[PDB]
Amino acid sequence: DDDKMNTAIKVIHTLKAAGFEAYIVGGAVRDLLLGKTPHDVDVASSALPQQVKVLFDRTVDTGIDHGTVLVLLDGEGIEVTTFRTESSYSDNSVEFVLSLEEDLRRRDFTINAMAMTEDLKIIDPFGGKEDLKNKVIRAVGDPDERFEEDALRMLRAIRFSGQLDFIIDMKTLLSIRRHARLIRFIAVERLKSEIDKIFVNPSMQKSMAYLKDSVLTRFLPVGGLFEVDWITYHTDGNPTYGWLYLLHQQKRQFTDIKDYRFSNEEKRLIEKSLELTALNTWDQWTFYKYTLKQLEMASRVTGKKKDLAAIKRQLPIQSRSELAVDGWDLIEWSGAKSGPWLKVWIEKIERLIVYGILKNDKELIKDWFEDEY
């Protein structure tokens, strides 16, 4: 941000004062050249991780095995990574290298394979500058090698196309088509992360067309389900809405996408939203029992535009904890022993309160109960 680049320049200055090479690398150079403000600024250096820690008071050591040290400075965090190459075996291997160019030549795409010196000189051995100008996502070097090194890069190409409103380089895209089957080796968590980004990024309809055209929908987990008409999809900023929109369009249920390992919270949002889309009429009990995010997501995917927040807000009560009676009141009044019957009767009372028929008052509920029971 307005401080991240400055902090990275300071980190670079410190590494070089100690005799090491250091550069801004990767997405920050791309964003800079695009006239955008970087979200992350990575620094590539000849320093090894323990030498970085010597030079900075506050570091975080999570990625040390991979050559990365997070430097905490001026209220920012700058990742400092030693010149390295990586490769993923088929069953889900880092080499430290001695030069910058050895690191750059194994990165995913030319626009991500540039470096910038402290003095703003761009190091661009693979023509990232021209691909950035032409709006092209092109694998560095031989696309076949880049995709065999990490098959997730094939999907990443799709994500970048939407994120940046770029096209995918023809030779690169043809290489994805030839290697699409390799996506089966990628951990589903990494696939869901990229797909979630696509679902909230611009030009997503173009991204989903590349998903099909690249042959990735042939081989992704339940990949054919992504081949829906996305024209009427508009992100609410929550990737979960993309999965809901995907299921609703095809009249399918959550079990069909469970391979992607949703959290219980995400799964609930999807399942409860889908229920609402199949519910013919919503009334006070609907608005009471479902969450506002569920009502809003169901409304969004079915086209409704009601003021859901106001309807839920104007219910007589918001939740069970406001109820003026509990099961032990019913035990007292009934003279019957505790049992599952209490839940049945508490809900009868709860409904009458939520519909504003019975007052949420213990004595009046007591009168009602003794009559009905």
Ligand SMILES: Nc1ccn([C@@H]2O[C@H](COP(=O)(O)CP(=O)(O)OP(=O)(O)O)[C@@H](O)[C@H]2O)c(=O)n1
Given for the second form:
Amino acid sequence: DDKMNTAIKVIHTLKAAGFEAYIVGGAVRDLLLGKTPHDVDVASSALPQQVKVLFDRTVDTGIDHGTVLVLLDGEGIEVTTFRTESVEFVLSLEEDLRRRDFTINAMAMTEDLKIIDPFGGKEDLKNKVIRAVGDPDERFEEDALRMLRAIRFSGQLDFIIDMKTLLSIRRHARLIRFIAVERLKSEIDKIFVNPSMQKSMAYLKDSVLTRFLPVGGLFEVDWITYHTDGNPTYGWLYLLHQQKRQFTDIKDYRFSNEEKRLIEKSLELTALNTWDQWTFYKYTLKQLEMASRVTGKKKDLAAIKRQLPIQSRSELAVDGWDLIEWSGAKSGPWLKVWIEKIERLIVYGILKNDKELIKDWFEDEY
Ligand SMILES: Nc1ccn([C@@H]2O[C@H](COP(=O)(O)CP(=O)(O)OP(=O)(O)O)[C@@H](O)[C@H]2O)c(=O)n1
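Could I see the form deposited with the ligand bound next, after the form deposited without the ligand?
Entire complex below, previous chain first.
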């Protein structure tokens, strides 16, 4: 939240060197909404190498596209040269704003706090409307992902989508197929944690994006009993659980191994009639919480797990080499079966986790 101050100092430096600079995009939107901006972007008439001259420290990752990350007073500000979008640098602020996605994202602010609003973002912000800048057909052909951003913003801001803009989404919905699935999944992950995400989901159906998103029909579930826990993964679990489907049906969205395992393990738990000590031992607390959260069950899961005789197999007082000695037999897959028998008897509190007593038990059974 010191970002605005840093952006102001960036702007003074650029203007002192004789360039134009302005705050633009979401920070302006968020300011007029009374929020604290999460990121502050600066747009400037300076070219990237000219920016690097004025500040000691910078990151040149986005240089190709006009962006340089300035590091100042412990913050980072993206300074981007006036540009459209395969990237052309333009000479005036308005040429840059004319190509942004929505009126509320298309405003600029001077360091002396004047708002520059050539497209009515002020009014659309007051009236709670997401509306494309200029011709909605052009904005959505420039980048089809904007159709989905419109949906995300409606649930993030509790705005409506301009009628003309929504009809344009319906006409161009099929263009969604050309977007990298990583970008699709990133926006869907944001929808899943939004307040009033149910508004986003209704628009997703009604804009007939669910016809063309990957396995898009699976989003048309009832979302009324869904409340986010801040973790986007829970949205995917909910979806699958409502429809009695498996993780494999959504794999096109390219989940990490962590996400995959968490969804699959949680689904497993919802399929279980009853949970006993062994359940609480084999599944992680995170998996149990989401399976609970989605099945309506409520227990003190941390308390039940805290009370098991052991927490993981690493505390087992025995290993398969102990069983090789005691049995006289040769190492083989049979060890895994017997290690699990022993592990059960310890988790149910029947056998003590003590090598000597386990040895006594093992010789009798073998
Ligand atoms: N497809 C796109 C993606 C971005 N933009 C423009 O990039 C700026 C913010 O991008 P950003 O990456 O910081 C996301 P923002 O719009 O600020 O919302 P958030 O902070 O809640 O994530 C806005 O002026 C948008 O008009 C666009 O015109 N078309």
